[PDB]
Structure formats: structure tokens, C-alpha cells
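Here we start with a single chain on its own, the form deposited in one PDB entry, put down as C-alpha cells.
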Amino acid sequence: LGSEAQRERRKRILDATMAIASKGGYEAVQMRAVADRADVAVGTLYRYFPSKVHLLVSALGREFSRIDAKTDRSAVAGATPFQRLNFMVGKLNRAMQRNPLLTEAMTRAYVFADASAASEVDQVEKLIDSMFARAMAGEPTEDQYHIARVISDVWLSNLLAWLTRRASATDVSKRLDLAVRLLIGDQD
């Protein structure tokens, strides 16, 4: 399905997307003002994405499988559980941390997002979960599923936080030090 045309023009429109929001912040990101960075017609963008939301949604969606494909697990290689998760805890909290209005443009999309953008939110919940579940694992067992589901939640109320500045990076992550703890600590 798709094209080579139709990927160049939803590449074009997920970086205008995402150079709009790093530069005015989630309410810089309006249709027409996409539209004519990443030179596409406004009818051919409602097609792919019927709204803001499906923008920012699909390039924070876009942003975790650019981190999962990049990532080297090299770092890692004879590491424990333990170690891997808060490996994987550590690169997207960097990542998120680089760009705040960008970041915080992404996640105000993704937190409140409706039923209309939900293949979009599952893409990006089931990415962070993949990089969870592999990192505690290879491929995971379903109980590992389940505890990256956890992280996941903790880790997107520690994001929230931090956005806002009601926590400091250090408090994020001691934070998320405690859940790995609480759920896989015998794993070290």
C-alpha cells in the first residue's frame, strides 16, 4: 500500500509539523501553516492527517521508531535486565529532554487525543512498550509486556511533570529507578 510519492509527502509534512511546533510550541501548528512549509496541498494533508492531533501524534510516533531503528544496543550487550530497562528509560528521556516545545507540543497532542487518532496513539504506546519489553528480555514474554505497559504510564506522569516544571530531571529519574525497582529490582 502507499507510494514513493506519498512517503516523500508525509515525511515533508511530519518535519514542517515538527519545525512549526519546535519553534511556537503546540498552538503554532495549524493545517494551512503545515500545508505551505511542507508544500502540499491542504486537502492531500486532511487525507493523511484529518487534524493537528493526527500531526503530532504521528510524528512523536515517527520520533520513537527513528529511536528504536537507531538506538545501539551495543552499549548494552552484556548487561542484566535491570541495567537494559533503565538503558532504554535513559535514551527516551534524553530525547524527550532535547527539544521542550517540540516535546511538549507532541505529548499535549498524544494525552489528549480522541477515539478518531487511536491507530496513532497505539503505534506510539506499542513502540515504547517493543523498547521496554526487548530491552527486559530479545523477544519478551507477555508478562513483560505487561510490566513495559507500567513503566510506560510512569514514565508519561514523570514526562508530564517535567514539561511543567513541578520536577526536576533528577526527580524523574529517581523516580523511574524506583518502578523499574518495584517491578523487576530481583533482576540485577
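Residue numbers count along the first chain shown, from 1. Rigid core: the largest C-alpha set superposing within 1.5 Å between the two forms. What changes on going to the form deposited in another entry:
- Only one of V121, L159, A59, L45 has its Cα shifted by 2 Å or more between the two forms after fitting on the core, and that residue is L159.
- Core-aligned CA deviation for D171 between the two forms: 2 Å or greater.
- Core-aligned CA deviation for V76 between the two forms: 2 Å or greater.
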The other form holds:
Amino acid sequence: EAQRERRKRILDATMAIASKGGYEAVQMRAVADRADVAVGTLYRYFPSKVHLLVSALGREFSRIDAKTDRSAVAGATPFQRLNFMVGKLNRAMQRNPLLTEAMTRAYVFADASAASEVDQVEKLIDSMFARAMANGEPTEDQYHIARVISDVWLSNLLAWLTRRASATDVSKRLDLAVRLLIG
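Okay, that was the form deposited in one PDB entry. Show me the form deposited in another entry next.
Here we give the lone chain, stripped of any partners or molecules.
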């Protein structure tokens, strides 16, 4: 529980710093200072700012997940239920632009050294989207569909990040993808 509380402070600090200042603000020293941990302690659990940011996003997904029971996702059809989940996440993104910037940059820099962290996020977000579609245990294809929606999301955040697309554009792409996959 001493490891767990230290991790909690570190990810809390990451989220606060990113939401306040974007990717450039998330410096390892700044995070360790805010979290009241020694820097080495920080590096041992999270060797770079990518690992911090992706781990923090994973934690947010699991908080979202845990409050999201089967009945909480509104909709009679898979289409309705997925659209509702996507819509909620889309609005959360639009409400938190600096955080979105920090996470998007973290993803562009994520490499093999962060594969475990990226994989846990991917597993989590795909499970959320797949369980939203499914009435019981999801099918292989519902997992695959989740992965497609997640790739459309990332590629369009790439365009947003470099100032070639707006929020109108990203939402538009997501809503098309969902409809084309399961409308």
C-alpha cells in the first residue's frame, strides 16, 4: 500500500501538470517535486514522460470503466451503446484540450520501451468499447471494431495536433467510423 500510494501521488501529479500545461510541462523533476517523491523513485516506476502519461491515461480509463456498469451505457442496439461511449469520450476530450495535447504527444513518442503501458491502455479502451457493443462476453469482431475506432481516433488526433484538423473534423471522422462499422 506504500507503493500504491506513491504511485497514486505520481499519477495525480502527472495529470494535474498535463492539464495545466500540456506535454512541455510534464517534466520528470516537476512531477517528482509535486508528488513528493524522490526523482529516482519516480524513474524506477516510470522511466520517461511517456510512461507517466500513458500510465495516467490507463488509470483514468479504469476509473471510467469501474463507474461504467453494463446498464450505464445507454442504448437498445450495439450502435446506440457504442455511440454513447464514443460521444462521452469525445466530449471529455473537447473539455480537456491541454490534457489531450499531452496524451497525443505521448502517443507519438511511445516506442517499444513503453509497450507494456501502451498495451494496458489499448486492452482497456478496446474492452470498454467492445463491452459497450456486447450484451455478454464480447466477440472477436467487437474487439477488432474497437481497435479500428481507436486508430481512426489516433490518426485524427495526429492531424489536430499539427493544426490540420479541428474538433468538428475529429468528431465527424469518429461518428462516420462508428456508423460504417456497426450502424
